[PDB]
Amino acid sequence: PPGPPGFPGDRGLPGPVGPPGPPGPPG
Amino acid sequence: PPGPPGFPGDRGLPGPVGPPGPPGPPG
Amino acid sequence: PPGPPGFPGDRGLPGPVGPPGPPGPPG
Numbered sequence: 001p002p003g004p005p006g007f008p009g010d011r012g013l014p015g016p017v018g019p020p021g022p023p024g025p026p027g
Numbered sequence: 001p002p003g004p005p006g007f008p009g010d011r012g013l014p015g016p017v018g019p020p021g022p023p024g025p026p027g
Numbered sequence: 001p002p003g004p005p006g007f008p009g010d011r012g013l014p015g016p017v018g019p020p021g022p023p024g025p026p027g
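Residue numbers (the entry's author numbering), protein chains in the order written: chain B, 1 to 27; chain A, 1 to 27; chain C, 1 to 27.
These aren't lab readings, by the way, just hints derived from the structure by calculation. Please note that a few of the clues may not be correct.
Computed Cβ-Cβ distance ranges for the label pairs, DEER-style [to be verified]: (1) A:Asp10 with B:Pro2: 14 to 24 Å; (2) B:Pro14 with C:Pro5: 18 to 28 Å; (3) B:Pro25 with A:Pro5: 51 to 61 Å; (4) C:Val17 with B:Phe7: 29 to 39 Å; (5) B:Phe7 with C:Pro23: 30 to 40 Å.
Covered stretches of chain A (chain B as the covering partner; in silico rule of three or more C-beta atoms under 8 Å from a C-beta of chain B) [claimed, not checked]: (6) 2-8; (7) 13-20.
Even for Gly, the Cβ is constructed at its ideal location relative to N, Cα and C.
Given these sequences and hints, build the entire structure.
Structure follows, in structure tokens:
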């Protein structure tokens, strides 16, 4: 008889860090 | 006897890029 | 026969927030 389903996979890697933000308000 | 368990699932796909940084400090 | 493949892993989490932007214009 056929075996049972394989074990579910691991969660993926986290995404990369986001890019830098934009310039702040004028002084 | 039944066959072996199936092959393990693949790791999930990488997550999306993180959000852009917040605005900088005042000038 | 071996069982079917395992369910694929769930997608990774979004990355953390990017660095703060630079200081704003001198104004």
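key: Hints violated by the structure (listed by number, smallest first)   = Number 5 only.
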